[PDB]
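What follows is a single chain, given as structure tokens, in the form deposited without the DNA and RNA.
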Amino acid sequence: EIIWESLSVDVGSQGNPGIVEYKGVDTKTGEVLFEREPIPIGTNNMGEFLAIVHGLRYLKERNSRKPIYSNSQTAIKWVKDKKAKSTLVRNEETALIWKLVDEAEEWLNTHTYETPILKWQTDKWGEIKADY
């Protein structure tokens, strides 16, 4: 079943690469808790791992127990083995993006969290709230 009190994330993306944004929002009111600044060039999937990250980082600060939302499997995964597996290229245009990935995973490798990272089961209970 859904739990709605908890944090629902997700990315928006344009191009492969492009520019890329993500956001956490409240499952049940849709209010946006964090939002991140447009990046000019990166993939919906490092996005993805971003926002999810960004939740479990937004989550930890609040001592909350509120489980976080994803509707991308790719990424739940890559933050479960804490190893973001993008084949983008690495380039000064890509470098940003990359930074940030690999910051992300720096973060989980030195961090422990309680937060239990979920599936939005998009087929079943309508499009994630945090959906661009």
Contents of the next structure:
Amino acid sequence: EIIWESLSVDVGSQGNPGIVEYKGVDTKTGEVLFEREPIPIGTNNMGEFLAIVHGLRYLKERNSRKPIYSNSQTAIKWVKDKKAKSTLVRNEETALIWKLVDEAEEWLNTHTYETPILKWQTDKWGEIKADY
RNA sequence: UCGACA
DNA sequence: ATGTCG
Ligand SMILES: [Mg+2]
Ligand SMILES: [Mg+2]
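Given the form deposited without the DNA and RNA above, I would also like to look at the protein as it appears in the form deposited with the DNA and RNA bound.
The next block holds the full complex; its first chain is the one shown before.
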């Protein structure tokens, strides 16, 4: 049932909106494959979205067909739509995350991928392996 | 009016 | 508490 041969991604924050980071781990081993430097202001869902898209890019650049697990129904939908429907205000503090989101959407519109993006089933399996 | 995912 | 979708 759990596809162990996969990349798991999650967001961590302090505040929401607040300081946002995300990371990607090997679901089997728990090895940390990428971790993004904290972004001073963002939302949980923005970070969950950026983590997926970072994973797609990471896997694509490495010619890997592994799926990606996320526990975020929001982010999964945003990635599918190629569109992050965040409510976060736009100002000088949120400019960085909003630039990163814009660039993520732009990646999705300029690349193909066959990577299945799967929902991690927290209720049945416990916390996703990339959890902070 | 909630339900659900975080 | 907030950020999001069904
Ligand atoms: Mg999560
Ligand atoms: Mg989590």
